[PDB]
Amino acid sequence: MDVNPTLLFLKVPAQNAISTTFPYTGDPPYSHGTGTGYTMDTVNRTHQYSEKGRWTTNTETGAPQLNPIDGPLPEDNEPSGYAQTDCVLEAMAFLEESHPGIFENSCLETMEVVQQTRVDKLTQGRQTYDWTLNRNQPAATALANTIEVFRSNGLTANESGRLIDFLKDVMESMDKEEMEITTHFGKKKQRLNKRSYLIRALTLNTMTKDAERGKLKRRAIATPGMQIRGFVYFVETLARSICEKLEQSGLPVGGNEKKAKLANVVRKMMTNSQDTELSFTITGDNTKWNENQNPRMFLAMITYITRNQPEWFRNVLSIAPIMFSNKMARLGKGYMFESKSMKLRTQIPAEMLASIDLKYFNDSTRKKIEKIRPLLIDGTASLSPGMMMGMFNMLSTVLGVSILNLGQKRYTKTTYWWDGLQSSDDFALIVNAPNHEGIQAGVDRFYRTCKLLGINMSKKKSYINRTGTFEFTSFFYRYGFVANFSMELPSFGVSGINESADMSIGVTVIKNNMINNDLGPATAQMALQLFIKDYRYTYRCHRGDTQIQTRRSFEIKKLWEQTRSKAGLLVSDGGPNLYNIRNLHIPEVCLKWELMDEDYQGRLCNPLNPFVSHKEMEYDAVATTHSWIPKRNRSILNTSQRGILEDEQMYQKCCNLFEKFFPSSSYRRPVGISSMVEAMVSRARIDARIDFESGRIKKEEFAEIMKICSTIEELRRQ
Amino acid sequence: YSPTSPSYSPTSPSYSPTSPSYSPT
Amino acid sequence: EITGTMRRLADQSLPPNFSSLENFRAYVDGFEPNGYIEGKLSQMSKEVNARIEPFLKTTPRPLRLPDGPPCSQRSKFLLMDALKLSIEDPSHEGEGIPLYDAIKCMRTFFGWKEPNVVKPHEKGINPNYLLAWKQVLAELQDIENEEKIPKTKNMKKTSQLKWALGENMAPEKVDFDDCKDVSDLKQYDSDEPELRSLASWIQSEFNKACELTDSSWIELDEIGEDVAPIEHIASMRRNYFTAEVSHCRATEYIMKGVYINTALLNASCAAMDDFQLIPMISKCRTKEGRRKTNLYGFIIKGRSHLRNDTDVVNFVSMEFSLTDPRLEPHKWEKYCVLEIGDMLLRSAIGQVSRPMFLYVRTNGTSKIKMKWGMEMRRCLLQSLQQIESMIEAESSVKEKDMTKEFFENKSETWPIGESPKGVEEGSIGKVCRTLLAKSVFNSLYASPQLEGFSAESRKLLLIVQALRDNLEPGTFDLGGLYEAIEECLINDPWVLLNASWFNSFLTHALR
Amino acid sequence: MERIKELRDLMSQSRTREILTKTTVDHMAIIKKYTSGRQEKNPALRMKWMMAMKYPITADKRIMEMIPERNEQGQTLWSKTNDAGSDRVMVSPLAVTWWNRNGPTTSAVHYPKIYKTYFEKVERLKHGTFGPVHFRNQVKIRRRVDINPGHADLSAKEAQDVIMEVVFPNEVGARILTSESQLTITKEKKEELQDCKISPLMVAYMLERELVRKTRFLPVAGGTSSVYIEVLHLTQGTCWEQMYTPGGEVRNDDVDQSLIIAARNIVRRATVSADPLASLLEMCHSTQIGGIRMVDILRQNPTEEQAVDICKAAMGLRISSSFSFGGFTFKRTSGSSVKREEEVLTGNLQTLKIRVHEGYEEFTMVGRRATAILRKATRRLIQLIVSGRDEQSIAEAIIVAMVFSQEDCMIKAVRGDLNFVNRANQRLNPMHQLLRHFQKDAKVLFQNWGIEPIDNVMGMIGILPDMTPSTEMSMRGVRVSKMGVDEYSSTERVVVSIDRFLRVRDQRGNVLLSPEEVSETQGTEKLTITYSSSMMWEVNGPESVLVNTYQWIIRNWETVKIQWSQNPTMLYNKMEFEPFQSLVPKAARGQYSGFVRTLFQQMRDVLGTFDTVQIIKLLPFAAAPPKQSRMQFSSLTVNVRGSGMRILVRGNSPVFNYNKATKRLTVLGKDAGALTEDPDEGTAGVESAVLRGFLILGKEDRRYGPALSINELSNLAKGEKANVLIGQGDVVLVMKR
RNA sequence: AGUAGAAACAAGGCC
RNA sequence: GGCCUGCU
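Chains as they are written, first to last, in the entry's author numbering: chain B, 1 to 185, 206 to 636, 655 to 756; chain X, 1 to 25; chain A, 206 to 716; chain C, 1 to 737.
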């Protein structure tokens, strides 16, 4: 017998045993080098789905740009980026008519948000490209550098603390005659003329995407600069506000709410239909979603949403698509060469691709360079006619929801009609009709309308079958959603934060999978045992009874011997495991409280210990000595950016002192626009005053503190 | 519970190729 | 407000026929729907359509497997041909010094001969492999003669290990200013992987990786005492599962992989500049409960200055085996088999005296492959969750637990495997073992091709299932789906085997 | 004081002064998060690869002086090398374990207070009681629930303001609390923290966690009470299910909500039942909620609800009054009335006989989501005021009042097929059928009622047919209002009769309840509904064989209690314990028998020891022939579904639990008789029938050493006291004989 | 050689 | 040979 797992589907319906076909147990494919081979391909393809568009030449950045909007209607099924503005506005207007007052309320909420938001919100972000070093720096570091340069160069309106003030600074910067920065290499002053700074503000940094499941070919993902971050934030806020009010938009909610919405839609469509009507669920998928959402359509949507709103709000919302329409996509790391005969290798920056000869490359990269060269300007390529990756998923989902709404049988004016649920890049459409040709006509109408709006259905990944069985972004549905457990498999291992955090996170993951993904009792117990085994093997915290020999075993054994109630030690200190199917919701240290020795209990959770980091998926945690934090890579030391570490040290010292002065700074972010020294001195003076008025402080101490504050103020004023 | 695969062939193979005996034991 | 450069950019970010942002806003504000969509639909070409092509029992066709030289083994350790020099030892899991355990196991087989090559590498310097094995054996003798056994042993940097582990191989890094006129300067070779065809050995390996052994390869720790009745039912069912899965050989492969990757990671994170010597070890309980420790072979980690999570640490892997390479030579393409000894095993006939072989090869693994090999124990979770789902689904219909009769009565069986007589049914135990073996092989032979094929074939599998449920499926472009699926099958043995299984399933289904 | 000294020292330098002066308070967040080290993309890989190195942990500088350089063996615990961008030094986990085994001690007595939510969770779990596990399909509907067991009913922003005021009085800012409830909770918290030595940040975090309410989307089916949702992973499965009763704040609100929903469901099912009275009685006697039986709560908690009152009356206990109509609760307050047995026609020309009432009368309507007050006369409405919450609530109240008025303006509005027969072919009440017809929409009743003038007194708002207030002309008699509550809560529970089809009646002859009033809404229970019914004993399940056996010995306790003492061998060799013995496995029958007989014998020997539960529990195991033995048992297995249900010698179990409050015994979720109070019950804390050759003197004491275990007690000897851990993790003292 | 697959590793920077 | 880095 030749065992054949796939033959199991002759009996088990595919949906039920669908977890078998998810190879999520092996290392995901990882990009092994430079993302400059995929970025050029993305640029070329984006310019190839819109070549019939209207070329032009931007008069500020001085780079060619493509304008496909209102282009010739597509004549073949191939992807087309020729969105029609009239059709987009019709979709939006019908969406507003079907949902009266959606845009007005969304604009009100966003006006409140934009008037209220602070500059600190830009720190809560992932890697961003900071335009002052031409590298990728964390969000906070990039924001700090940008604010430093703005203050140095005369822009200071962001000191008010509101985000919109920083945006005003950003806009006023682009008009500055010549910016200058003081980057190190002892430091030099590099001056950027108007055009250079403008091109650097609009530039996008592109890096290859890593750890992608379900694709054979690597993609490219881009991260926006720091000037475009705030406008994108406001636009995303508006789009989320709009989507939260749409029953057919699944993007702004979690998995379970997606399940609820999709089940509701299926029940509404299939059940309400009479016996004679047919039904058909299209589990489709859009192809080249990003390479066709032209930002000018986003500007049209933003202008139609913000009708009858204050001009300032309209402008601050519209600035984002205006900046994205002129974006330049920084190529990337640049290719690398080798010499088999001479036995050496060289690295060429991506900047010199415009000037380097084509005698080095392959037969494909040579064509890619030959085709991308016209668009290059100062080491970056114009990428006007498309997006790079998301950054507007909410608004794109709004567009998808509008096109889904456009077939409510009030706009179809025909027997057939459709609806469904839209999540950016993924849709499920449910057609109805009185005969099969009706379904055919409905599908054709939907496809053509989507093509007009500039979004293409993928015909090689979509099938239409009688309602019931269907799929949606990996939530398979067979007369009721079936839980596939292979998607959440990667979460079971030790997360890797620290000991207590790892224990809490693992037990919480097991509990959640028992709740949602229908993990059985016995399987939950085996997952618990395997997690404990992995956790012990990773943290060297074996049970103590064992004769394991490791770098940490000696004093784990010593502590085990010392203790009296050995059944109370934390699993991190070699204690027994006491979890089961009924204790998964109780944090470990709270679980063994009754069984703990007084001495060990006191030593364990001692605030004086130097390991707790004063805190930092929602995993229920308890402060304990096992909450230490891991080190950092320390790889900067070799580079020329050694001085940044001194900046970090000084900033931490100052912020710790401020924390000392203002107790609430740690809990709630400190607001205000008074310099730090002035705030500290004022607080000290008022504290001394109130203490002397009624308290411990006496006249001598009051005089000493007041004179110290006076000399501090004198030192400040110098 | 002791697993018992009908294709067991516990006497079919003269010796397990991977885990033999070699040693006098 | 918007002024200056921002306004001059905004005036250039409008549909083609508009000139200024203010005019565009005035147009949009005065916009009112007047049947533009319905007017452009008719104007659009009628060639743009979404014709539904019905999917019928005859529509699907077998996948087009590639053609080329047969594929060869690529796993980091021999799976089917893995000898074990064992010695009874009352120790658990990690107890004991691996070097001492390895030398003790080596001191049990007395048939060592003078090694010689019996299947050269066809691309290497095989004498180097022979000298590497000689050096490893001499080094084991050396450590044995010493008073104390060091925790880890660093091999001497000789020419043989230097070549086998690829030292000084990397071209020297240089700036482009001077290395510009070099005649042979090119771009790094980046071409499609060489095509290779499906061999017969992978099916046999997957067959052997589902049988029930006579040992216990996994021994899990205790769990909190059970109180609630659910805990008792779960404990009974878990006893069943851990009995039906601890004896599978796929679990032996799991433990081998976990140990090898853990040892390699720990050794490469500490001795980043010396050639260590990491013997392979695995421990199990015999049928009578006696503990054992096993020794498959040895690993010799090379210089391992890993920076990115894709770099390569070369380790020459020396493994014992009893299978003569001159039976499936197309499978041992990258090894350098040697003949080291002559065992005298006892069988149903008694003494047989087969020769023993050493499968030496170079190899490499990155810092991400090592992590995902250390995390290989999730295969058990995947397979057991599937089995639990099936058992609970059946037991829901009949208001009582069904696990006992499922595992013992040899009750309702599932179609697993394919024999000349047709499809052969298998009990729930064999289904569990087969799913576990599938997960283990997914972990061992992971690659991009597997991901792409898995997705593009799940699509077609769902289409076929919809057909088999009389749901009247329909596809817009099936040929494109088939072309996407066939693009993933290039040279990976596991992906080719999966495609073969899918063809067999399509044959049996729809018929 | 030292704060300003440190500030002066810091500003003394140039770079520190520059950063101090240039940066404003707003940029503090940016400066705090300013760091070069980026976040980990793959935390698991980095952690697995980091613990291999030496010194993979960073600790404050104080480690330098608080922990030695090396431990006893000589393994470095910390290294003077500094971290990347901080003064923190690098240490190895050896340092953490060295702290744990040798670090400075402390009094952690305040730790339970700071983390009070988690310890309250453990407290609930420890005192919880389990029940039988049922295999049955679960309709896992997805809805939003509350995951915080003790949410204090505050928004996130309001909770943050309360925390800041409580822990940071000066930093509260411009915000001032408004709701009196906020002030009350603030005072309650402030009184209990008048002197707390833990850091303010920890107190603030604790208050935030235990005040803010959290909601998550879960696939729950049965429960939704925050206490039940906490253990959702234990009482809900794809096919299996379990009854769980959390050991916590059995709040009257949750109990009464569960009672109301259970009453609704039982009434709805009884409506279709062939014999609703008998079936309802048996099912009420055959079900419980939250571990407490329905009868106990019903006789205990007074709760006004149509279904609840129906259950109360069904048992024959004291029953309420204040007749109800259309799901609303009417209380007359003036006037007499007599029926007339008259005949009339409709607008659809259908003829019908009805009973119209006499006299002028006022009524006090009550309901679930509305309220009203009515004055009327014979066939004629006089006035109607309404107090609904939503507009459709006022519409419901108004249509109910119009139907109650019996006016011809309503009779000449009935249009369509309204057949007064039920699914069971039972003629239906006319009033309820009209009231159900006018609940789709009562447009015709509005355009056919009439119009009158108004004095425009009080500035009252006008009525709406279809949302059109008319402040000078309006419906006749009908008014608009919005009270807070009805006149008063009624004061009299009446006596009643019931027909077979559950048509409740009063002493006079009027109608009081019916299966058509049971609102209809399908709510979700808070506490698990132990709707025992199909959950049964087949024709003879354990709920039969076993559950029943215990019931027999309960009923015959009066002669078993004295046969147990004199001639007990004729009680064990009895024809009633033979079906039980077929379940005990054949290998462990005589061992159990010898064990139990020695238990009972030494329970007879020493005086002052008598527990009726032990005798009632362990007798079916002493039936068998006795095989002697030397070992001991913590439980006793009985084969129920090829599964060994364990009956615990010491204490209660999910299979055998005796409530000490209501004195009921409970087998497998089925009542098995009330148990009576023997005056010779030794209430001395001693238990002579748990261990074989040992007594149990009481609770633990730390003098006689650590807790020995059950299977290591033969080491002891004569008179050797000791400690033993047995039962559900409980330590006790024992003494040999 | 080897890992690996549309581009890389098979050590890198500085004195 | 010495220093420094193992996501910069």
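FYI, nobody ran anything at the bench for these hints, they're computed from the structure. Worth double-checking, as some hints may not be accurate.
Pair by pair, the computed Cβ-Cβ distance ranges are [to be verified]:
| no. | chain 1 | residue 1 | chain 2 | residue 2 | range |
| --- | --- | --- | --- | --- | --- |
| 1 | B | 105 | A | 244 | 28 to 36 Å |
| 2 | A | 613 | C | 41 | 16 to 24 Å |
| 3 | B | 680 | C | 247 | 43 to 51 Å |
| 4 | A | 613 | C | 141 | 33 to 41 Å |
| 5 | B | 105 | A | 691 | 47 to 55 Å |
| 6 | B | 394 | A | 228 | 25 to 33 Å |
| 7 | C | 302 | B | 293 | 43 to 51 Å |
Once the Cα atoms are required to be at most 25 Å apart in a straight line, the calculated DMTMM-like pairs of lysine to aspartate or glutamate come out as [stated by the list, open to error]:
| no. | chain 1 | residue 1 | chain 2 | residue 2 |
| --- | --- | --- | --- | --- |
| 8 | A | 324 | A | 533 |
| 9 | C | 663 | C | 681 |
| 10 | A | 353 | A | 372 |
| 11 | B | 379 | A | 383 |
| 12 | A | 378 | B | 358 |
| 13 | B | 531 | B | 658 |
| 14 | B | 237 | A | 514 |
| 15 | B | 288 | C | 543 |
| 16 | B | 669 | C | 191 |
| 17 | B | 479 | A | 252 |
| 18 | A | 328 | A | 533 |
| 19 | A | 391 | B | 358 |
| 20 | C | 197 | B | 729 |
| 21 | C | 660 | C | 578 |
| 22 | C | 157 | B | 264 |
| 23 | A | 339 | A | 544 |
| 24 | A | 358 | A | 294 |
| 25 | C | 339 | C | 362 |
| 26 | B | 577 | A | 300 |
| 27 | B | 353 | B | 371 |
| 28 | C | 33 | B | 264 |
| 29 | B | 553 | B | 581 |
| 30 | B | 11 | A | 604 |
| 31 | B | 363 | A | 237 |
| 32 | C | 660 | C | 730 |
| 33 | C | 33 | B | 684 |
Where a beta carbon is used, it is the ideal one built from N, C-alpha and C, also for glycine.
These are the hints, each one checked on the structure:
The beta-carbon spacing between residue 105 (chain B) and residue 244 (chain A), approximately 31 Å, falls within the hinted interval of 28 to 36 Å. Checking the proposed 16 to 24 Å range against residue 613 (chain A) and residue 41 (chain C) shows it is violated: the Cβ atoms sit about 48 Å from each other. Judged by the Cβ atoms, the range 43 to 51 Å given for residue 680 (chain B) and residue 247 (chain C) is violated: they are separated by roughly 60 Å. A hinted range of 33 to 41 Å for the beta carbons of residue 613 (chain A) and residue 141 (chain C) is consistent with their spacing of about 36 Å.
For residue 105 (chain B) and residue 691 (chain A), the hinted distance range of 47 to 55 Å is satisfied, since their beta carbons lie about 51 Å from each other. At roughly 31 Å, the beta-carbon separation of residue 394 (chain B) and residue 228 (chain A) lies within the given 25 to 33 Å, and the hint holds. The supplied range of 43 to 51 Å is met by residue 302 (chain C) and residue 293 (chain B), whose beta-carbon atoms lie about 49 Å from each other. Under the criterion of a C-alpha separation no larger than 25 Å, the hint pairing residue 324 (chain A) with residue 533 (chain A) is consistent with the structure, at around 11 Å.
A distance of roughly 14 Å separates the Cα atoms of residue 663 (chain C) and residue 681 (chain C); the hinted pair therefore holds under the 25 Å criterion. Proximity of residue 353 (chain A) to residue 372 (chain A) is assessed by CA-CA distance (about 31 Å); at most 25 Å being required, the pair is judged violated. The straight-line distance between the Cα atoms of residue 379 (chain B) and residue 383 (chain A) is roughly 16 Å, inside the 25 Å bound, and the hint therefore holds. Taking the CA atoms of residue 378 (chain A) and residue 358 (chain B), the gap is about 9 Å. The hint holds against a cut of 25 Å.
Pair hint residue 531 (chain B) plus residue 658 (chain B) holds up; C-alpha atoms about 12 Å apart against a cutoff of 25 Å. Restraint check for residue 237 (chain B) and residue 514 (chain A): satisfied, since their Cα atoms lie roughly 19 Å apart, inside the 25 Å limit. Distance hint between residue 288 (chain B) and residue 543 (chain C) is unfulfilled; the C-alpha atoms sit about 44 Å from each other, more than 25 Å. For the hint linking residue 669 (chain B) to residue 191 (chain C), the alpha-carbon distance of about 42 Å lies beyond 25 Å, and the restraint is violated.
About 15 Å separates the Cα atoms of residue 479 (chain B) and residue 252 (chain A), which keeps this hinted pair within 25 Å; it holds. Our distance criterion of 25 Å between C-alpha atoms is met by residue 328 (chain A) and residue 533 (chain A), whose separation comes to about 18 Å. Between the alpha carbons of residue 391 (chain A) and residue 358 (chain B) the distance comes to roughly 6 Å, so the proposed pair stays at or under 25 Å and holds. A threshold of 25 Å between alpha carbons decides the hint, and for residue 197 (chain C) with residue 729 (chain B) the separation of about 20 Å falls inside it, so the pair holds.
Pair hint residue 660 (chain C) plus residue 578 (chain C) does not hold up; C-alpha atoms about 30 Å apart against a cutoff of 25 Å. Simply put, residue 157 (chain C) and residue 264 (chain B) have alpha-carbon atoms about 21 Å apart, close enough for the 25 Å limit, and the pair holds. Note on residue 339 (chain A) and residue 544 (chain A): the hinted pairing holds, with a Cα-Cα distance of about 12 Å set against a maximum of 25 Å. Distance hint between residue 358 (chain A) and residue 294 (chain A) is fulfilled; the C-alpha atoms sit about 23 Å from each other, no more than 25 Å.
Simply put, residue 339 (chain C) and residue 362 (chain C) have alpha-carbon atoms about 17 Å apart, close enough for the 25 Å limit, and the pair holds. Pair hint residue 577 (chain B) plus residue 300 (chain A) holds up; C-alpha atoms about 14 Å apart against a cutoff of 25 Å. Between residue 353 (chain B) and residue 371 (chain B) the CA atoms are separated by roughly 9 Å; this keeps the pair inside 25 Å, and the hint holds. Between residue 33 (chain C) and residue 264 (chain B) the alpha-carbon distance is near 31 Å, which puts this suggested pair outside the 25 Å criterion.
Restraint check for residue 553 (chain B) and residue 581 (chain B): satisfied, since their Cα atoms lie roughly 22 Å apart, inside the 25 Å limit. The suggested pairing of residue 11 (chain B) with residue 604 (chain A) holds, with an alpha-carbon distance near 22 Å, which does not exceed 25 Å. Among the hinted pairs, residue 363 (chain B) with residue 237 (chain A) is inconsistent with the structure: their alpha-carbon atoms are about 69 Å apart, more than 25 Å. Using a Cα cut-off of 25 Å, the hinted pair residue 660 (chain C) and residue 730 (chain C) holds, with the two alpha carbons roughly 19 Å apart.
About 15 Å separates the Cα atoms of residue 33 (chain C) and residue 684 (chain B), which keeps this hinted pair within 25 Å; it holds.
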